[PDB]
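Okay, here we've got a single chain as structure tokens, the form solved without the ligand, with questions on binding and movement later.
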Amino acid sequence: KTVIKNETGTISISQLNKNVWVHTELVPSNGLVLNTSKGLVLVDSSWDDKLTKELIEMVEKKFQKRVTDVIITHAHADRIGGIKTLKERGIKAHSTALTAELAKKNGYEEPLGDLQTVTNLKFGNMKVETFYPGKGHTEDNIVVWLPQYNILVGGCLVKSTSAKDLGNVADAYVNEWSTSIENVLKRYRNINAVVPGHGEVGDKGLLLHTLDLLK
């Protein structure tokens, strides 16, 4: 897989696919860059505004298209933190209503609150499904599915192999997280890659790992 870094090793993009890339910023945090016929779409932005601006500028320059949309997978900072940058640049920031409600409560600018339990979006030819599986890492966590690739973005709901515990559980629902993981396994029975919130890309084994960490 082709991999491209900025000057610092602070931001790195790894090609999963002709049109799907994983972005990682330095903990490392992951999201996706979707190279579509109508622009770039990000699944998650970055830790804060400084890194979000750098991420956008890197990908706009490389791919020679604008970032048009971001999907925010929960209302914590590794996730909501670049919202000011998105809003001021006219980048549409999609989220569930609950994620937007939580962002506002916590003093962040609000994403759109447009995503339902299951939402199907199309960006050029790129199909994206968002799914709220229930509570887990947070109340509001969603996953994102690319049905043309059978790629799942697990976000913080899904732990990497290298994670040997659940991490920050202060906002977690450790008794509903296993059911939520089961909901993802039931919906998506044939998965090619799973992108955890943090750590190396894997497959359905990451979901099984997360289940074991919850015991």
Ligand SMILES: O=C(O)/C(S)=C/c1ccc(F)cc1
Given for the second form:
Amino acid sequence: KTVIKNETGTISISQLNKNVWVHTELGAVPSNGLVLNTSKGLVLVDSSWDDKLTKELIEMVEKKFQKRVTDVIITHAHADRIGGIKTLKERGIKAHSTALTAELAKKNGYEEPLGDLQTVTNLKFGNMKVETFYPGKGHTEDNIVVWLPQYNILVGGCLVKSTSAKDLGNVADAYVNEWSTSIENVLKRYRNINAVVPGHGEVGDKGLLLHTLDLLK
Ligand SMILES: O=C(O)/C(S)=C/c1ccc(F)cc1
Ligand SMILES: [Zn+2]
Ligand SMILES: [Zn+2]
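Structure of the form deposited with the ligand bound, please, following the form solved without the ligand?
Next comes the full complex, and the chain you just saw is listed first.
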């Protein structure tokens, strides 16, 4: 498991496979996203808590992989996901989201992502296939998951709790009666999962989805 850290230790990238890395930043509260190394540029799943960390993350991966960050997929409109949106927009990085996530971003005072993702959207960056899926309300009204069909890797985002999470966390924006159905929708769509990246904590497998179901009881 190859891990690479910034000079301060607040940003780390860990390799899942040749072209897929998890990025983790400390805001201490760690948060995860993905880095996809594609033939057409780097694509991130999620930014980071604020613009300072987002700039550092972009600069680390551009230097390491020797290509530009071209696109980011924003999985919901909380700061751990979208806090670096100002940095993305001013650098000409495309910030993909559902329309609901964009609406919520604007309501909460953040610059707006594109609002281009539908309930199911299939993107392709070079040879890298990316599917985004809105499974329903859960951790937030707008949360989406991201699927890499060439690897059967699911980015659960904050809809999915890690093994170390012993409760649901802050549920102020959550829908705890719909969250279980939303997880079941993920389990029904993706029946063979190799790795599940939660929004916070260690990478796991389908067991993290079952763990989240148990925390909802
Ligand atoms: O638990 C999490 O994954 C998150 S991202 C919680 C959260 C953050 C900001 C809020 F306003 C509400 C909840
Ligand atoms: Zn959140
Ligand atoms: Zn979160």
